[PDB]
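Consider the single chain below, provided in structure tokens and representing the form deposited in one PDB entry.
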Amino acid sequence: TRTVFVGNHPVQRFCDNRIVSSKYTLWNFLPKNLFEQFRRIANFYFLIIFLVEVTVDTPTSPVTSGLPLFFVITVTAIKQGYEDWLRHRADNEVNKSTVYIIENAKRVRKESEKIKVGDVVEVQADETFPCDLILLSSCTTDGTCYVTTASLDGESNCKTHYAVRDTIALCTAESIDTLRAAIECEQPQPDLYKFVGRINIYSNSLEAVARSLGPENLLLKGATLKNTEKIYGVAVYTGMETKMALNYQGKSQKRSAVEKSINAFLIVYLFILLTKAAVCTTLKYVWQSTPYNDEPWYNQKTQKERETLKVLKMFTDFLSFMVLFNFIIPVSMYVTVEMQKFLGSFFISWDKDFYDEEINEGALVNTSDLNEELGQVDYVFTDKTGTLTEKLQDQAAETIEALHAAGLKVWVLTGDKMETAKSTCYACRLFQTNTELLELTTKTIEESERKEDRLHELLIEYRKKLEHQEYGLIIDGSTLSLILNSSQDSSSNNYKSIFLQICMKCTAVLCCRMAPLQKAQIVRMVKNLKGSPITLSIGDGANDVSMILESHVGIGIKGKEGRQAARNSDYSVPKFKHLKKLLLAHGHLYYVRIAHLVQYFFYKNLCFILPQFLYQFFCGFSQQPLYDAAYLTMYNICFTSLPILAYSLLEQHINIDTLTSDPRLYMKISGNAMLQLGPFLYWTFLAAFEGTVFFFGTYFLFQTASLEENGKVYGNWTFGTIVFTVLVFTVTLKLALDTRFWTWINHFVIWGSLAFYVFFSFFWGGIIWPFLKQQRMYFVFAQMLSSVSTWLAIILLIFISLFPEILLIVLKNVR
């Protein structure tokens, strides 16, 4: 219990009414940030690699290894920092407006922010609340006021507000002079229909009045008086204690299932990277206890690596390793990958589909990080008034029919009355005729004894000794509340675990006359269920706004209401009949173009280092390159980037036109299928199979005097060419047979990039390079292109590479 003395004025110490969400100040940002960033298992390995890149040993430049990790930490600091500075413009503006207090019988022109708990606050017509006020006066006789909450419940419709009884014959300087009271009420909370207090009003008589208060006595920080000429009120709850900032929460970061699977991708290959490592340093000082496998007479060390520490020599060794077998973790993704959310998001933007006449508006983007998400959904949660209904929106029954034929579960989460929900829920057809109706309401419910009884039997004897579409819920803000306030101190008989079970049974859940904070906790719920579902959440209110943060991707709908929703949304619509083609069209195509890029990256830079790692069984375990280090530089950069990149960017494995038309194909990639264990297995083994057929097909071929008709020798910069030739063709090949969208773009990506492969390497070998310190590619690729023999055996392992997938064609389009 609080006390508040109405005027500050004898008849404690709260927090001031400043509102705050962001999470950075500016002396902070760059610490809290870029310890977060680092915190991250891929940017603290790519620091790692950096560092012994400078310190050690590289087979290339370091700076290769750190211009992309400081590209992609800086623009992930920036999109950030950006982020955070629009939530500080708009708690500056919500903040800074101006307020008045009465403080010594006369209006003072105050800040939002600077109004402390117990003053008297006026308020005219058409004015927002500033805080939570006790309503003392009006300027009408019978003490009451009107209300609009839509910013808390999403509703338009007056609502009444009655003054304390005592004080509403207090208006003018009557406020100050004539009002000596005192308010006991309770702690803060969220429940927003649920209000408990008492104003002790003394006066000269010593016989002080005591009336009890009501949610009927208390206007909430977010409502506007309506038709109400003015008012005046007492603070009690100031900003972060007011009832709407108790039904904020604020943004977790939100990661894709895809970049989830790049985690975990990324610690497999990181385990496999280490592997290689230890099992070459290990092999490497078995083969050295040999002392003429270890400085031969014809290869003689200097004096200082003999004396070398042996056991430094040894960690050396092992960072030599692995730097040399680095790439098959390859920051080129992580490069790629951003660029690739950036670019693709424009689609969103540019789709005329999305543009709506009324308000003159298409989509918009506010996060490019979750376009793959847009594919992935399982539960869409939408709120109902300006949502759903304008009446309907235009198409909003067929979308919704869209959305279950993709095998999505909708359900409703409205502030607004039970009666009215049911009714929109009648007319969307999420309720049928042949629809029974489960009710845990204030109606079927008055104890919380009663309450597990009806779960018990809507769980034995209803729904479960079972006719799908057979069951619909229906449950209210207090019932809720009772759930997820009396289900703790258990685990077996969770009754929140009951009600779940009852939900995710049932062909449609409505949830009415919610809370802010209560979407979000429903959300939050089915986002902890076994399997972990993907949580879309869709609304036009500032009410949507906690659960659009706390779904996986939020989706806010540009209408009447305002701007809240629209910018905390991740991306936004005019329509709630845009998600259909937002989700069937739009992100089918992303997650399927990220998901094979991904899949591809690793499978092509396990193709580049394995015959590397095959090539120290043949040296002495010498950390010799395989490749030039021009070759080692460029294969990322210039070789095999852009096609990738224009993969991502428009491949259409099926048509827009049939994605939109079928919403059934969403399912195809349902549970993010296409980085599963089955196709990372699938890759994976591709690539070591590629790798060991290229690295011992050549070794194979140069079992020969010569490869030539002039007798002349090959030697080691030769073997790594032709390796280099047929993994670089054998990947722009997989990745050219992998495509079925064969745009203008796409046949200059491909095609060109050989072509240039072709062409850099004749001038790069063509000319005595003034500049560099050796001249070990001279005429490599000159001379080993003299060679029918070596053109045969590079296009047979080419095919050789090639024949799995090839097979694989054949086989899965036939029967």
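Take the two forms, find the largest set of C-alpha atoms that superpose within 1.5 Å, and that set is the rigid core. Numbering follows the first chain given and starts at 1. What changes on going to the form deposited in another entry:
Among the candidates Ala257, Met504, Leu645, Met240, the CA atom that moves 2 angstroms or more between the two forms after core superposition belongs to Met240 alone. With the core held fixed, the Cα of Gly587 is displaced between the two forms by less than 2 Å. After superposition on the rigid core, the Cα atom of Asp657 is displaced by less than 2 Å between the two forms.
Put the two forms on the same core and the Cα of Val788 is off by less than 2 Å between the two forms.
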The other form holds:
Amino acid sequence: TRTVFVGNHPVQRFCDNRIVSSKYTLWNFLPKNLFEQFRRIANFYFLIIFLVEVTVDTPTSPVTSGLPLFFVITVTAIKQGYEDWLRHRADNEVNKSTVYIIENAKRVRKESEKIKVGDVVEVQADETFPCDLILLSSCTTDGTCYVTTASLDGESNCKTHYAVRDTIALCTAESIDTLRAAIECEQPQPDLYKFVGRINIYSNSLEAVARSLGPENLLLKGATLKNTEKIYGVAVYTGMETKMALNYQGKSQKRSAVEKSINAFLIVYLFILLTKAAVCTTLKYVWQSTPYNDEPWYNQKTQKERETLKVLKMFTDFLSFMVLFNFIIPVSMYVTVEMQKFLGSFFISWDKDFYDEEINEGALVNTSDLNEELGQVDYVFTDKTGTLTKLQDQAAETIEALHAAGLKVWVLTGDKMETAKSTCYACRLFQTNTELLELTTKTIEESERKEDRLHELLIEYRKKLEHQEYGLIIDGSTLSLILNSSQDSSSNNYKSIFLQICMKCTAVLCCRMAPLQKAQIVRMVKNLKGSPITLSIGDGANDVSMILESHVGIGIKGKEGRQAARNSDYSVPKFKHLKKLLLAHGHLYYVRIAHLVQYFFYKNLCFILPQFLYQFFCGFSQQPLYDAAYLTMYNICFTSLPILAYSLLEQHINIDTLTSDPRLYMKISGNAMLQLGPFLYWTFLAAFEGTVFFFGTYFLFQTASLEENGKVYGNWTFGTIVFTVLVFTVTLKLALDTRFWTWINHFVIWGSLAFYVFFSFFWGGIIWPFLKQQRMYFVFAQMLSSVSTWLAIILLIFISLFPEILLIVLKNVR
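Condition change, the form deposited in one PDB entry to the form deposited in another entry:
Partners and other molecules omitted; one chain follows.
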């Protein structure tokens, strides 16, 4: 138990009144951010590569695999640090609020953040309590005040709280100073309905009165005070120990299904890389087995290279092949992904369809990391009081769009069962010909009757069904019996039996739910038979735990408070804005990034396959096919902008036609575009194109001359033809996938091909004194003097884009 002194003077171990809706502080930002950043397999792999290239002596500086890693890590860290800084500012507007405290015969105004345990706070009408107050006195007689906790437990009625009988007649902020008492209350608990305590008011002469306290005196934080001009309470709990803040389940790291698909793709492309490096090394050391295949008298090894250990040379060669083929695992993809996530999240804030006139603000974007999983939602968990409710503007025809999209809507509330069921009938969630399977406490006033009807209405009543016929109604007390008491029966587990009925009824209504049970329902749903993406949308402080628990949590900027709009990912100031937020914004958000991640792997496989096929015609000596000026610039200059602009402002379906039609949402549901089917198509197309480039350039180089003046080409000219075909093929491949041709796409797609051609003209054509290689002086400028090279490149471009044209002709008709 804790000791509280009413006037904060005798008649420390407590924290300060503050709200922490953000993730990182200044101390744990780096250690906690590193764990989230290194959850990515590409970052882990390129950290291992950089670490190995420093501990041993290598022909490869570690800078080649350390600078990109450091750039990616600090690019995705500045964005997180800035996004969390906005959450730090959001808490400032509530912590540095204005509250009045009766310090000593004076109404000094402090901040809501500078309240200590044991100071007499004063709250006026319609004012929410800054902390967990204990009603000591009300200005009127009888010491009674009316409190509406519509944001704490969803009840819309007015609750009456009673003052302390000894101090009912203390008002005017003057007699409060002459009050000596000590409160011995219980350590804070999240029950929200029980409270044990004592007051030990001491008079000047003698008063040993110990008036026992109770929940009818405690005024919770987050509940507004109604129909009372002012009160006089004493703070006992001061934030992060308030009962409202103790129902918060705790922030975690949320990662969308696309970020998990990238990790699964990196596992397949890690096996391709380790297979290339092993096949090249094994064949290299059987090629070198011939005495004249290594040291053929025209290139001889130095003494240092000759006397080195062969077993260490195998490891060094394997690692060198890994470095040569390392572009197959893109790290420039993360910089593009985070940049497009940050710049695409602005389309939600800038939307004028999310603007509410009566409150004068639009949608909010707390995190941009989950834009793409708004288009992947499978379950919707909606509060009721404030969120669905009279009903809201379009609270009934928004649910119809969700049902047409294939979503499942569950109502999790803390209100009465009868009120909640009337509301579900009003919003047409329970139609007239819907048989209700009531599992409430009205019929389950026992522990063994639960089994007698959980199995009765599932095995014999639900298997004997239509899908829409039945609708479940569950209580908070009965859900506790289902969950807590299921630790014994494992043959017929209550949780599984209950979950079978939940998935077979059109709608589920959960009444009288504590804030930590609405999170348990989402946790049960999140774990069943796969990965159902869950959404929770609420407006009060009791929806915060289920908002932090779902895959993506939406908040409502309602009149109750902004507790759920600060712990959420997005916040629309209406329930009906969810239709446009999911159907129109989430669909495009997922479609853009799913195409971008597939294209990034296709791009790099087409880039590296011809370089791996070169080893069979080199001496397996890990000699790069392309120039060092092409290898680095391919991913950052020649092919970086077209995919950035596509995944930012490309609409495969017009934004005004998929909001009207909600059945297009289930086309992409289930991570459709990042599945094994599409992954295999993209990988096989990339392999076919990579083979075509190299073996169309290789058979062209059997001429002894490609131009009319009879001049021969080298290895760099062999590499520039393959690179030109590759760049044109992977750029015109995206031009075939584009359905929204803005002037920006016309500028980044044709401006990337026009810049590569001129960069050949310029890099090859100007002598730089500071360079020491000068190996590409006029390679392209002599390459362009031959007609037969132009005809071969155009032929190899159309051959590689032939499967794409064939699929457009076949699949994209009827």
